[PDB]
Amino acid sequence: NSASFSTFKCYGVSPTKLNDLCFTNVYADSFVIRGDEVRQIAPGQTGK
Amino acid sequence: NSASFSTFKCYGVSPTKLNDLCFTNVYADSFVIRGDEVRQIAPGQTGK
Amino acid sequence: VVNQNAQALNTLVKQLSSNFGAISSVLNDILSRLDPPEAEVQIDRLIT
Amino acid sequence: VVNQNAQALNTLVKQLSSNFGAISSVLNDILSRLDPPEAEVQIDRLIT
Amino acid sequence: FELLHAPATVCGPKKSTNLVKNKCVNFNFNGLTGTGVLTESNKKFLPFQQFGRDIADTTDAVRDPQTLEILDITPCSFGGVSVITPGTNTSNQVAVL
Amino acid sequence: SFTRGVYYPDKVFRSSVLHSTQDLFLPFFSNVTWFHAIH
Amino acid sequence: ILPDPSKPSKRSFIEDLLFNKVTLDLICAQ
Numbered sequence: 370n371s372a373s374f375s376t377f378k379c380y381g382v383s384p385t386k387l388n389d390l391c392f393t394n395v396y397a398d399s400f401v402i403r404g405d406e407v408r409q410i411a412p413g414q415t416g417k
Numbered sequence: 370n371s372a373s374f375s376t377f378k379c380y381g382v383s384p385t386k387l388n389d390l391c392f393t394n395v396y397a398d399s400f401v402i403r404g405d406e407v408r409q410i411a412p413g414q415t416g417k
Numbered sequence: 951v952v953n954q955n956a957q958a959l960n961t962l963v964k965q966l967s968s969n970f971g972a973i974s975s976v977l978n979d980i981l982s983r984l985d986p987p988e989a990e991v992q993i994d995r996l997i998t
Numbered sequence: 951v952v953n954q955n956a957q958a959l960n961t962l963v964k965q966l967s968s969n970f971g972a973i974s975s976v977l978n979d980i981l982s983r984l985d986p987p988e989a990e991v992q993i994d995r996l997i998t
Numbered sequence: 515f516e517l518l519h520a521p522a523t524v525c526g527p528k529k530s531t532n533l534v535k536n537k538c539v540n541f542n543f544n545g546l547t548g549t550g551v552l553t554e555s556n557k558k559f560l561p562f563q564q565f566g567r568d569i570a571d572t573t574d575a576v577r578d579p580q581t582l583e584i585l586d587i588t589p590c591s592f593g594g595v596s597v598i599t600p601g602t603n604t605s606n607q608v609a610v611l
Numbered sequence: 031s032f033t034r035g036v037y038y039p040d041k042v043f044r045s046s047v048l049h050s051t052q053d054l055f056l057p058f059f060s061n062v063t064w065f066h067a068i069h
Numbered sequence: 805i806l807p808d809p810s811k812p813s814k815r816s817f818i819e820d821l822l823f824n825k826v827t828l848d849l850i851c852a853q
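Protein chains in written order, with the deposited numbering: chain A, 370 to 417; chain B, 370 to 417; chain C, 951 to 998; chain D, 951 to 998; chain E, 515 to 611; chain F, 31 to 69; chain G, 805 to 828, 848 to 853.
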């Protein structure tokens, strides 16, 4: 509901269904990358 | 062939076949965006 | 027996009216909307 | 009976020479040219 | 826009070529391509019965968008090629059906 | 509504051919609200 | 049941009766 995020893209599940599912475990990762390096986070990408 | 435009992507019709097709109920819509929302006019996206 | 072969033949003809998930059920107007670089994706669904 | 017994067996191996729309008909050539992340959908099509 | 159901108003800028009658020629009416023979037709269309289809959803009739005439779409003769031979050991002349 | 409320779903003419078509229609033998708007 | 010389073909009195009962545009669309 918050609009403060400028990058919210995922293909595993849909955001609208996050309130109707149970996860049984949650993993949270924190790291810093460059502005043009956001393309490297999706699973199965080309690069370094 | 106009070089003034910066976005000429069509999601249902190839641009080279635009003149070779005759349509019906052709409708025109116009609005403005902030500038970072260009990727959200795909058929099914996320955001605002 | 004569009707059964006719009924099977007629039912085969009806299946040409289904797009099998493509944008159209007719091959004629698909080529006039998609370039051959990307026409392979849509036609392949109809082929299968 | 000997003939079409041999024709059927010959056809099945001969079906392997066609790429079925994929990049190549050799599984090893797929890994040597394109990475697995976007190669698992043509190898899946080869299996089908 | 909408496709292939409503009468076509916005249309492409190509010349209005003269019609060829009663022989196998290509046709293109409101972006609808095909191959067949156009003939003058019975089965009077209603004023708003523009297009036409069949069991296989293949076009069988169409109206001229410039003249109030009703036509039919019929694909002309075709078929396979078959060869009758008495054998290479016999002769070279053959029959084709 | 014994028999009333049938129209062509599309603009395409057909002549005793087979083609499945689903569209909104008025069901037969259904109760309708007959209004009498005079005094 | 034997063939008769009335009709031009050698079809019999029961064969044409059998030929008329079972039957096979619908054929043009195919």
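Hints were generated in silico from the structure; no laboratory data involved. Among the hints, erroneous ones may be present.
As the list claims (entries may be wrong) - 20 Å max Cα-Cα, derived SDA-like pairs, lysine to any residue: (1) E:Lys558 - G:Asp848; (2) A:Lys378 - B:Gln414; (3) B:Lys417 - A:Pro384; (4) E:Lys558 - F:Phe58; (5) A:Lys378 - B:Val407; (6) B:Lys417 - A:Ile402; (7) F:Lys41 - E:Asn532; (8) B:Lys386 - E:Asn542.
What the hints assert, rightly or not - Which residues of chain E face chain F? A few of them, derived with a C-beta cut under 7 Å, are: (9) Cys525; (10) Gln564; (11) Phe565; (12) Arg577; (13) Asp578; (14) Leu582.
Here a beta-carbon is modelled for each residue, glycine too, at the ideal position from N, C-alpha and C.
Per-residue hint verdict: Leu582 of chain E, partner chain F, C-beta under 7 Å:
violated, 15 Å
Taking 7 Å as the limit, does the beta-carbon of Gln564 of chain E come near enough to a beta-carbon in chain F?
holds, 5 Å
Using the nearest Cβ pair, does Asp578 of chain E come within less than 7 Å of chain F?
Given a least distance of 16 Å, the restraint on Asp578 of chain E is violated.
For a C-alpha distance cap of 20 Å, please report whether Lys386 of chain B and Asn542 of chain E respect it.
Satisfied, since the Cα-Cα distance of roughly 14 Å is no more than 20 Å.
Can the restraint linking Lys558 of chain E and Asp848 of chain G be considered satisfied, given a maximum Cα separation of 20 Å?
holds, 17 Å
For the pair supplied as a hint, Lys417 of chain B and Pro384 of chain A, confirm whether the alpha-carbon distance does not exceed 20 Å.
Within the cut-off at roughly 13 Å; holds.
Assess, step by step, whether the Cα of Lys558 of chain E is no farther than 20 Å from the Cα of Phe58 of chain F, and give holds or violated.
The hint is violated at about 29 Å.
What's the verdict on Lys378 of chain A and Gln414 of chain B, does the C-alpha distance respect the 20 Å limit or exceed it?
holds, 9 Å
Holds or violated: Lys378 of chain A to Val407 of chain B, with C-alpha atoms at most 20 Å apart
holds, 15 Å
Restraint check, 7 Å cut-off on beta carbons, for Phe565 of chain E near chain F:
holds, 5 Å
Given the hinted pair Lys417 of chain B and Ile402 of chain A, is their alpha-carbon gap at most 20 Å?
violated, 25 Å
When you check the alpha-carbon spacing of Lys41 of chain F and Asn532 of chain E, does it fall within 20 Å?
violated, 27 Å
When the structure is compared with the earlier hints, violations turn up for hints 4, 6, 7, 9, 12, 13, 14 and for no others.
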